Amino acid sequence: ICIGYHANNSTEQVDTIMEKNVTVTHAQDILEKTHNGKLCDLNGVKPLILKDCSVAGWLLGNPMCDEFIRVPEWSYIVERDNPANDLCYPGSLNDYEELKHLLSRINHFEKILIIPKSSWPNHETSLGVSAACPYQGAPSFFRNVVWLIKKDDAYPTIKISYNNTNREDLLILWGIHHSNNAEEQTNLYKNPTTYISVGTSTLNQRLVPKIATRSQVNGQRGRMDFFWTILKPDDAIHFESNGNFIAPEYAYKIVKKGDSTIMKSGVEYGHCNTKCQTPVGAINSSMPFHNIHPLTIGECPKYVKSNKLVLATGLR
Amino acid sequence: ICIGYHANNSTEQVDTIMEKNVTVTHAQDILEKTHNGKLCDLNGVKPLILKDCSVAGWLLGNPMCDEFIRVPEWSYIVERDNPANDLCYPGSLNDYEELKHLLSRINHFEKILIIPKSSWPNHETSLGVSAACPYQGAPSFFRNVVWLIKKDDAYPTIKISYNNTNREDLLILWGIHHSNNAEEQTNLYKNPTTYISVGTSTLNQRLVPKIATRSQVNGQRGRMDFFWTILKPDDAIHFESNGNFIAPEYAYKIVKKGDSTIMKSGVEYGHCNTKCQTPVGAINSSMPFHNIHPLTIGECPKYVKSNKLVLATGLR
Amino acid sequence: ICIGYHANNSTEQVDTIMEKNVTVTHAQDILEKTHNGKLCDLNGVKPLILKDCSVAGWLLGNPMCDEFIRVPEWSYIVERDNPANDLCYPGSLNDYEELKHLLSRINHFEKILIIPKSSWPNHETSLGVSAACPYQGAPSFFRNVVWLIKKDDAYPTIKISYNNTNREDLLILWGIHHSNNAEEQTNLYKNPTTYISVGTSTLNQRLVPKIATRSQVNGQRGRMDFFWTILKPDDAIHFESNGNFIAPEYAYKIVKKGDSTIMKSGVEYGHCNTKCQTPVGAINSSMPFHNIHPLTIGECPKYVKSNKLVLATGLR
Amino acid sequence: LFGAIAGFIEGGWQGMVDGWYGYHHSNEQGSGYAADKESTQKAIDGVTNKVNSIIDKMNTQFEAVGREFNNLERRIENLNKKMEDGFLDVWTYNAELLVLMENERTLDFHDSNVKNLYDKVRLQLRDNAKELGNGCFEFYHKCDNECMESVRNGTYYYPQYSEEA
Amino acid sequence: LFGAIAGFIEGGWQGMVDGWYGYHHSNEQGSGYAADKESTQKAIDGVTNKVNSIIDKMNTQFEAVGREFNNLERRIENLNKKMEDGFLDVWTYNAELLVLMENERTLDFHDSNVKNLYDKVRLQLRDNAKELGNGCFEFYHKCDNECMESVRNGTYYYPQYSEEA
Amino acid sequence: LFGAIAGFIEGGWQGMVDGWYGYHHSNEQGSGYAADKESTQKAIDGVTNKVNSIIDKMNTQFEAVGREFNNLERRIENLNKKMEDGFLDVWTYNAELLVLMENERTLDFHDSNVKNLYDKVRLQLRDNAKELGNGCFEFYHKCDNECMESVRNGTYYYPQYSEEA
Amino acid sequence: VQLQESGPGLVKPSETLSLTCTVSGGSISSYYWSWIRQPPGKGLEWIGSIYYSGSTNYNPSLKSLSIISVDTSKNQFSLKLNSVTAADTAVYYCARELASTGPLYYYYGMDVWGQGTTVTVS
Amino acid sequence: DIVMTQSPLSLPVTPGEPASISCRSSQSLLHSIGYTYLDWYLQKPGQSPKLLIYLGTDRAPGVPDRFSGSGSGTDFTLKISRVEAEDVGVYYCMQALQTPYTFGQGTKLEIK
Ligand SMILES: *[C@@H]1O[C@H](CO)[C@@H](O)[C@H](O)[C@H]1NC(C)=O
Ligand SMILES: *[C@@H]1O[C@H](CO)[C@@H](O)[C@H](O)[C@H]1NC(C)=O
Ligand SMILES: *[C@@H]1O[C@H](CO)[C@@H](O)[C@H](O)[C@H]1NC(C)=O
Ligand SMILES: *[C@@H]1O[C@H](CO)[C@@H](O)[C@H](O)[C@H]1NC(C)=O
Ligand SMILES: *[C@@H]1O[C@H](CO)[C@@H](O)[C@H](O)[C@H]1NC(C)=O
Ligand SMILES: *[C@@H]1O[C@H](CO)[C@@H](O)[C@H](O)[C@H]1NC(C)=O
Ligand SMILES: *[C@@H]1O[C@H](CO)[C@@H](O)[C@H](O)[C@H]1NC(C)=O
Ligand SMILES: *[C@@H]1O[C@H](CO)[C@@H](O)[C@H](O)[C@H]1NC(C)=O
Ligand SMILES: *[C@@H]1O[C@H](CO)[C@@H](O)[C@H](O)[C@H]1NC(C)=O
Ligand SMILES: *[C@@H]1O[C@H](CO)[C@@H](O)[C@H](O)[C@H]1NC(C)=O
Ligand SMILES: *[C@@H]1O[C@H](CO)[C@@H](O)[C@H](O)[C@H]1NC(C)=O
Ligand SMILES: *[C@@H]1O[C@H](CO)[C@@H](O)[C@H](O)[C@H]1NC(C)=O
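Protein chains in written order, with the working numbering: chain D, 1 to 316; chain U, 317 to 632; chain W, 633 to 948; chain F, 949 to 1113; chain G, 1114 to 1278; chain B, 1279 to 1443; chain Y, 1444 to 1565; chain L, 1566 to 1677.
Heads up, some of the hints might be wrong.
As the list claims (entries may be wrong) - In silico DSS-like pairs for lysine-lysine, Cα to Cα no more than 27 Å straight-line: (1) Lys336/U with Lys1005/F; (2) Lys1335/B with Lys302/D; (3) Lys1408/B with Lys1255/G; (4) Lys1030/F with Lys264/D; (5) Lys354/U with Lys572/U; (6) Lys1030/F with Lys934/W; (7) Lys678/W with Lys896/W; (8) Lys940/W with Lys1328/B; (9) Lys1615/L with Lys822/W; (10) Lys117/D with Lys150/D; (11) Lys937/W with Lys1335/B; (12) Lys1068/F with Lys1398/B; (13) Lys1360/B with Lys573/U; (14) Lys1335/B with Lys1360/B; (15) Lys336/U with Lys621/U; (16) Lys1677/L with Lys1644/L; (17) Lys362/U with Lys573/U; (18) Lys1030/F with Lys907/W; (19) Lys621/U with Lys1163/G; (20) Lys253/D with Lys159/D; (21) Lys20/D with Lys1328/B; (22) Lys264/D with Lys302/D; (23) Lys842/W with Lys302/D; (24) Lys573/U with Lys475/U; (25) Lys466/U with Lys842/W.
Treat the hints as calculated values from the structure; they're not laboratory data.
Please construct the entire structure, taking both the sequences and the accompanying hints into account.
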């Protein structure tokens, strides 16, 4: 009789503390190095792959982002790393990062029209255009919000209270126009000293325009600073203003509230089906570990920044 | 002769890396997985209970929370997860979370009347009450601050400057009232525009109310937003106002500065003593690890979020 | 013939899980518990030491911090734990901590005169001194910003602009003077109601002063809240103010953007050279782990809090 | 460690495709490789359970969500990106060191199993079977295929083969 | 790992409760269970040092100081919610792995203490003690109670009563 | 663990600087302590790769960049202080446990090298060399120096020096 | 700071006027120094502007061998208008433009204006 | 080049009543910075020019607050609320945008 061990004519290698390359028999790899290299669906839901746009270019509807005027159910949102169509009119948005954070837990919006254009008797809605936001070459402005300028040589106070009769949380967007000098407040509006009072059960704002000179961004100097709120069921949002009001015309209703992410990648849209998405390429595998990228949405392997992570489930 | 090992009749089982549910011999369990289920004292110090009361209901004296009109030395503050009596008048105390941070190192408060009732002539003391806060069915506001309404169809300028001649730090609480409209602003205060200015050695604030149409919380349409400061020895707080002033009446002198946590637990208080305390119970053992809850205050086992830790000390 | 091993004249000891204080033969100690106790250069670059000075004292050049008028290239900034000459006039530089973050990646400044003293034709640039910021027993004020008192009993709106035609980023510093009362304003600044409006491509700012009664810090009941920005190439800063303006005089062009730190150490500067610097002292050793301190600029060993780490490379 | 992989055994023989461990005999009634299923199965089930354990522990690790920060929160972003980098360096370390040590254990536990089969065959056949150096045995008595099947089964009886001569 | 459990030692004894590691003899002058208390005390001191080391490295374990954040600071909350859990998950894994490795090592440690005891008796006794593979040395030489007691004491030396007959 | 240090070797010598595993031989030609550069070279290379793994798998630790926070940011200052102290305590525990586990593994690995050298010299001279307990052997055949160099080299032929008594 | 124009007072057409302006009570540095002409009843015409370092800027509308001159040591800047042809009769002004047109784009205007001078070209 | 035109030429104004002077030209009179470049110069009879309102709508030192200006782009407006008999002059309006600075025709103010 004799005793001994198997050999399997194999070249695969494993790592140990006391030696680096050891020839191994029946080693099981746990690291998924490969990927298909394109973005596609999660469990049949087409993702919201907005191209050359951003979250602020989508929620405030950019004239250069027209493809997403009615968005179906999505599993995640993809924005390119350095998008060009975003805040075409120079501006900012307060709690924009928090808005992305709360959008990372939303899987579906129902775009509702909370405020119509017929609810502006004494204010212009068609002259609110800009040359820094082109639409087929012509000047245009964001669809969702209307930059109300004066009508008939004056700006009557805008006392509008909207009651949330729906059974879902409403994401409501507006803004304020920090103009570049007082002559544009004389021309765009009538009152020099203007305010925007926003009242909610859990929000108080008393925005005032900063009327001083600024440099040129995108060919213009005025800055529209945008703001948002989330309105509960049977809660009422109250807008009072006498100038600089970027009034809402569309709002978003949160129907599905689950798991998503604001992914940053520029990879084109491909046609496949999978359970996990990673920004440089979708992983379709069941290995315990992946090196592809830290941020992964779905049932995915855990990220480990390593190479050659292989356990020796066999001898030698 | 024969070398062997002992085998008991025990049933304790340990789960190794390679074979799970290994049966062992006289092994020691390092996991408690038990608790008193009640709140006990820590080293004889009776904690602060706050039954249906919060920090904002205690520091600012909620008329519902009149059971804690004189608080002895406490070891830890027990809030409930959803308190029902906190900020009975709607509003938000600024840096309430950071005040809870500082309140996690203060193990004793001794109230003092820094501002007596005679301090305010030409103003109306303790006759400004809101039905949002009930006491016996008659309306009554907080009892550690005074909401000064216009006494005699006018409002002289509040100019008070409390020089801290005490050798300890004083927590001083005040606030600003946000009236619902200009009619209520003129009815409650003679001055429409109010400029509540607070000066310290290391702090300065100017507060202007946000008079706006708002919804109803607790059957009220104004918002009293409170503020706080911690004064230094031989440091003078300075208050200046011409309306909307929730003036301080009581300040909580900091005697003891140690270790405390806001448990935010709704379990019933028990008459018992222990060395360590948990939100859902009390640990009364010297185990290395406890699975009961993350937050603990004392010489306690570390949290391990696992159901079975046993360090085998036997051969089987 | 025999099978065995050797020992040696060794007293060094290692620890295991099952046994502590075990003798070893020719072991390697990986923990460096020795330091020279002095501050020296990092790769031949003399660091910027601050003797009773601060970043707010250096960038806004304190008259008692005049050792750093012309600063050469450094590699890390050393400050003392409590520097006495730090904002000698009271106040607080806004985003001081963010500015100290942005000076953790800068190795060299070029202090350039973007705004000379001759570029204030209608304002007084000589009397802007104070007794709270002394120099050689005389009143003085910071040397990198001009306190603009009125000239000929008049303070017009300034509306100064600076286009950054240099190809590097510029760090521009200014501030607002929060006075105590309206009488001090009318004594210094002819216009009672004052503002500072800073405009550029990104940063938008309006600063209304907070005139309030305050206690005494450093001898005067006044504050100067300072502010900063980074101006990009081909970007123009626009300062506009009719009062309370602490206008810039010098800017800090960023010519070497690398890696640095702020140490907060009171160690006298020695004269040697090494690669790794720690706040307590210096390390000249290639050991894997140092217990000396958490913060170590440069290529250094890894911090482990333990006091004795001897990897046993020996038999016993 | 245990010294049967390149220890007692110079090299494992090729052509014994039944698990990892096995015997070899040059008896008259055939001379072919086989395998000790009971011990190999114990080692296999142990490795399977080991792998299940490793995947089991990896659950509920740090799942790095994407938190963005603006220009004036660089301190907060340097906190967050360093928390994520630190947790990744920890979990990468707890991957790499874990499978480094576990490989060093598994390539020594399989060595332990080979030495366990070797010294278990030596527990039996105390005097009858001379122990050759290269992990082999030669019996004093002519030991048929039935006794080799018995020592595969572990039901060998020395009083039957008391034929040292 | 060496082969105490299901190896040469088939199982454990229930009568003897004093001393983990013990001896049984069938000598004429009494038959009983005894304990080799030197190696058992070494094992108990090793296990005590193991437990003391585990609770000595775990004294600096991170604790969750409860921080509350308002509705408009969710990112910070989701950072602390991923930090207080995050370290906890690390510490959970560290606490699990420590009780998944040392326990195996402790079994191997007890296994080593059996085999280190076993072959110690083999090396001390050497030729005069035969080795039944169940773990019983049926001595060639008649041994009285005292010699057995010196074998427990470790002072038994082969030059004494060298009869192998 | 394997039981050579204070095991079947009574103690280390004090005459061999060259090497870590040595052979003490009493021969007519003379007596000297061999260095046995084969086992010592493989063990030193294993220890060198161990130290290389320690310094390579701790290459990317938590770089504790000092960040500052003012008053009224004590929530985030506690977050930073507890984050840096938690990563420091995790990495301290990781380094402490790693040097403790590697000290145990290196002491046991040196013990395994002693026991595998003992087993390698036991496989050769399998019957001609009586095995004394205190890590020694008495050759039945008269061995000169050159057979000691052949044993220490690893090429020994049992068909040479085949006499027993 | 005041400016004092010293003038010839008359010039026949062939030669070049010699109209200096001296800064008294101030410094010449860091301010634009610009000449502005005033013909009788034809408004105000900007002749040119000299930065102290250099960068002379003339008036394209008329070219009359303009050589705006500057000297710091004497705190003086000067005007010469050769090829005069009796259309330059002017109550000339020297003025201190308070503007920088380089990286600093501050403009505060011509605060200080000289007393004046007269020239009737014949 | 840039040629300006006074829309009023002479304003008989009762003292204590605001006036209105305006001028415009071809370009937009706004430099790269964006601060409208215009000045108004009094040039009282016998005296010399004084800055008055500068950089569009901002007032010089020493000039009382009765003077003010407004406008951006082409259109502009000077306004002297509560005018007084000290305020006589011509109010030349100078375009300071480009190198060849030009002046307006002047508004000679007569006290009513
Ligand atoms: C092993 O692989 C080599 C590769 O050259 C081949 O020649 C040989 O036949 C293989 N042996 C077996 C048993 O598969
Ligand atoms: C191990 O193999 C890799 C290639 O797989 C090679 O780059 C490396 O140098 C090898 N290391 C050693 C120590 O032989
Ligand atoms: C909104 O509508 C509901 C349902 O009629 C009503 O109870 C509530 O008072 C309304 N809210 C406001 C703020 O008027
Ligand atoms: C992708 O995953 C599906 C199951 O989700 C599987 O059927 C398919 O084979 C995978 N595709 C590839 C190319 O591996
Ligand atoms: C274990 O159980 C048996 C009966 O099965 C009994 O004889 C013995 O005393 C028990 N021993 C212990 C230690 O419990
Ligand atoms: C281990 O024992 C526990 C408790 O009896 C049982 O619930 C679990 O299923 C067992 N698992 C295995 C794998 O034996
Ligand atoms: C904790 O245990 C000790 C000892 O058993 C006991 O005396 C004490 O009362 C217990 N304390 C509790 C239940 O609070
Ligand atoms: C070690 O030290 C002892 C005395 O403690 C001495 O006798 C011995 O020679 C030393 N060993 C050497 C030099 O190898
Ligand atoms: C180990 O040695 C150190 C050497 O300083 C000594 O302080 C200590 O008491 C010894 N024993 C233990 C258990 O640490
Ligand atoms: C407060 O009182 C102290 C003690 O008398 C005195 O020194 C100080 O000047 C007073 N005022 C302030 C502002 O501290
Ligand atoms: C600054 O100067 C450059 C170069 O003349 C010019 O292109 C730019 O428009 C100017 N202003 C700004 C705000 O960049
Ligand atoms: C620091 O160490 C290096 C490397 O050994 C050496 O060259 C240098 O002289 C040392 N410097 C000092 C100041 O000791």
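Right, here's what the structure says about each hint:
1. In summary, the hint linking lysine 336/U to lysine 1005/F is supported, as the alpha carbons are separated by about 14 Å, within the 27 Å threshold.
2. Taken as a hint, the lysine 1335/B and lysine 302/D pair is honoured in the structure, with Cα atoms around 19 Å apart against an allowance of 27 Å.
3. For the suggested pair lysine 1408/B and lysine 1255/G, the alpha carbons sit about 23 Å apart, so the restraint of at most 27 Å is met.
4. About 19 Å separates the Cα atoms of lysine 1030/F and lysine 264/D, which keeps this hinted pair within 27 Å; it holds.
5. The hinted pair formed by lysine 354/U and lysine 572/U meets the criterion: a straight-line CA distance of about 26 Å does not exceed 27 Å.
6. The suggested pairing of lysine 1030/F with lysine 934/W holds, with an alpha-carbon distance near 16 Å, which does not exceed 27 Å.
7. Our distance criterion of 27 Å between C-alpha atoms is met by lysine 678/W and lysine 896/W, whose separation comes to about 17 Å.
8. Simply put, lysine 940/W and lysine 1328/B have alpha-carbon atoms about 19 Å apart, close enough for the 27 Å limit, and the pair holds.
9. Of the pairs offered as hints, the one joining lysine 1615/L and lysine 822/W holds, with about 21 Å between alpha carbons and a cut-off of 27 Å not exceeded.
10. Pair hint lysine 117/D plus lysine 150/D holds up; C-alpha atoms about 15 Å apart against a cutoff of 27 Å.
11. Pair hint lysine 937/W plus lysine 1335/B holds up; C-alpha atoms about 18 Å apart against a cutoff of 27 Å.
12. For the hint pairing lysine 1068/F with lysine 1398/B, the CA-to-CA distance comes to about 19 Å; that is within 27 Å, so the pair holds.
13. Our distance criterion of 27 Å between C-alpha atoms is met by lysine 1360/B and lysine 573/U, whose separation comes to about 20 Å.
14. For a cut-off of 27 Å, the pair hint linking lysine 1335/B to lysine 1360/B stands: about 24 Å separates their Cα positions.
15. Between the alpha carbons of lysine 336/U and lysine 621/U the distance comes to roughly 19 Å, so the proposed pair stays at or under 27 Å and holds.
16. As the CA atoms of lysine 1677/L and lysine 1644/L are separated by approximately 17 Å, the hinted pair is consistent with the 27 Å bound.
17. Restraint check for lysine 362/U and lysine 573/U: satisfied, since their Cα atoms lie roughly 16 Å apart, inside the 27 Å limit.
18. Distance hint between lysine 1030/F and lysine 907/W is fulfilled; the C-alpha atoms sit about 23 Å from each other, no more than 27 Å.
19. Pair hint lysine 621/U plus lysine 1163/G holds up; C-alpha atoms about 22 Å apart against a cutoff of 27 Å.
20. Pair hint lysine 253/D plus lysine 159/D holds up; C-alpha atoms about 23 Å apart against a cutoff of 27 Å.
21. For the given pair, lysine 20/D sits about 10 Å from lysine 1328/B by alpha-carbon distance, which is consistent with the 27 Å threshold.
22. For a cut-off of 27 Å, the pair hint linking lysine 264/D to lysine 302/D stands: about 19 Å separates their Cα positions.
23. With a CA separation close to 52 Å, the supplied pair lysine 842/W and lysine 302/D exceeds the 27 Å bound.
24. For the hint pairing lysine 573/U with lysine 475/U, the CA-to-CA distance comes to about 32 Å; that exceeds 27 Å, so the pair is violated.
25. Distance hint between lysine 466/U and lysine 842/W is fulfilled; the C-alpha atoms sit about 25 Å from each other, no more than 27 Å.
Hint check: violations occur at hints 23 and 24; the rest are consistent with the structure.
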